[PDB]
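Removed: one protein chain of the complex. Kept in place: all other protein chains.
By written order: A, B and C. Residues from 1 in each chain.
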Amino acid sequence: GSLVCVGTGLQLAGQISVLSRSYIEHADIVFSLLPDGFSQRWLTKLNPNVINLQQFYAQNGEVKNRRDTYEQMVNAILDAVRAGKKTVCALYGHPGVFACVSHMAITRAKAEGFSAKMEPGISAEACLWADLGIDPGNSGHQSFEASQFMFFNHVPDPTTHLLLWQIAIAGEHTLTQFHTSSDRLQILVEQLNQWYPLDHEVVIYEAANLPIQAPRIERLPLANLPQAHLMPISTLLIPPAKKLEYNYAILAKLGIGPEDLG
Amino acid sequence: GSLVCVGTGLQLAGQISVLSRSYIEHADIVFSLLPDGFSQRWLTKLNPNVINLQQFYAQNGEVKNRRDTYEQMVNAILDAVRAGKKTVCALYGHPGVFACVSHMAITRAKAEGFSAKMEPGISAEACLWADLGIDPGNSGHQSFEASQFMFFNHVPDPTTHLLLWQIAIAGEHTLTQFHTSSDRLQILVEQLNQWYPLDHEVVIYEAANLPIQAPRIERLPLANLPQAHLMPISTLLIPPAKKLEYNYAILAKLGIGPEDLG
Amino acid sequence: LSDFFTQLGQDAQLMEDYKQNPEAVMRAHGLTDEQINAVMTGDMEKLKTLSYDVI
Partner (left out) sequence: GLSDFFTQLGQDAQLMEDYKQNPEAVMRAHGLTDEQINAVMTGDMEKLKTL
């Protein structure tokens, strides 16, 4: 058996790459994790041999560490590979962007002697640049998972476009709840105040999953974040607080100055 | 007329999204900027009405600011839109990731009253995560253009995966040359030494453009960068120099400690 | 519903048709008035009715 992990993009049906769709079509079996039921119907018409990884999430108010969820997903994927099946994992967006199941599955498959690879996909970050007309190269780009930004020491560059992923669970340390609390988000705002003013405009972004759906692009001051309606698919964008300033130390080493720049 | 900017991905033919391929197919006219002639042949069979934006780059040793090149590309795109044509711009990778032409074309088209949009694509960054088995979420992710990192004040977080794009022209302040010099790259190494040791392993990455081609994943100490063979398609990855450390101030405000982390 | 959305997401002809005249295209593909109303108000919950959590 073998393993290929693909992404399906964020939008229904059309944002998957041509090769990645072909991998799904020709697979022995597909393990899916898709945003909704429209996406799931589309996949099942492509290939009816689908096992939905959603089943392994905590069901019915039950307390379950999300790391145990992922382990069961990874193990289920590898079982089909070990059995001999030409196996595809179809995850939404980009399968290796803020997603561990496919990286863990590929590492485990490779260590047991199976062919495994990852095909890149269009992620929520890629959707954001297009929807907001922002190029990450303009003044640079930083991405962190929101809780890691709180739990560990990260220093953002306030001249860049900063993304905090999984903002809806920011500070939810047990990894057993679907959402965080408003006091946790208020602590985030105070932490962020080291670099961003309280009236600094931030953007709650949600890429659309359906072709009749507009993206969520909600602008609000940073102070109002704890009162905002956040969803698991929400990403928080924090635009620069500060414009690029000249690096005279290096410009001197380069023997040039500002009005020499092309 | 109208404007849609799409990406074709990095790999030949198969890495464009299903919807994006359809946009090219049905376009009145296509303005292209593709990695090679195999990609150009594939596009011309999809839609024979292609104008290659490559023509606007400096030809035959001429001194030409790249900003005048891009302006001429943007103007040529807008001319087809103003004429009344349903116009598509097909750029390689993701059209709004470290690329100004499509953002400028869309901004200008919208201001003149034309419908303009950008469809996300699979960029070189997305290819890197997959090729190297790295999740940008693991310890965070930073991207800068290499020359901007030198000319302006950027502070990297050494716990993240750091990318310097367009490394081959790092420090080439005139934007008239295709490559920089080893003395400029040595100044970058000394600048980077504020955060990364001279023996810190970095990676010169080049995603493959052809399906029979392996990606470039060249590992070398940072000190050896000025002597390395760099190409316009090269991206420099700088893996974390430090492990993630606990943020005691916030953990205390959250009322938890390391042992409580899920 | 699901048939229309899958076509619309994949077909750039239809997509540009839809953007020109959303109501006409939706009616032409058989969507009900409540389905069309759900689309124009952006109520995705009702649309699913009518038809990764962490890293």
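FYI, a residue touches a chain if its C-beta (ideal position, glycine included) is under 8 Å from a C-beta of that chain, and two chains touch if they have at least 3 such contacts.
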Per the whole complex, from B:14, B:121 or B:137 the residue touching the absent chain is B:14
Absent chain, residues of subunit B that touch it = 11-15, 36-38, 41-42, 209-214
Extract the touching residues of subunit A with respect to the undisplayed chain.
-> 2, 4, 18-19, 22-23, 25-26, 86, 115
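Quick note on the criterion: only the chains that are shown with their structure count from here on.
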Whole-Å distance, subunit A centre to subunit C centre, using C-alpha means?
-> 25
Junction residues of subunit A - those touching two or more other chains = 11, 13-15, 66, 98-100, 145, 165, 175
Identify all positions of subunit C at which a residue touches two or more other chains, and write them in rising order.
-> 9-11, 15, 55
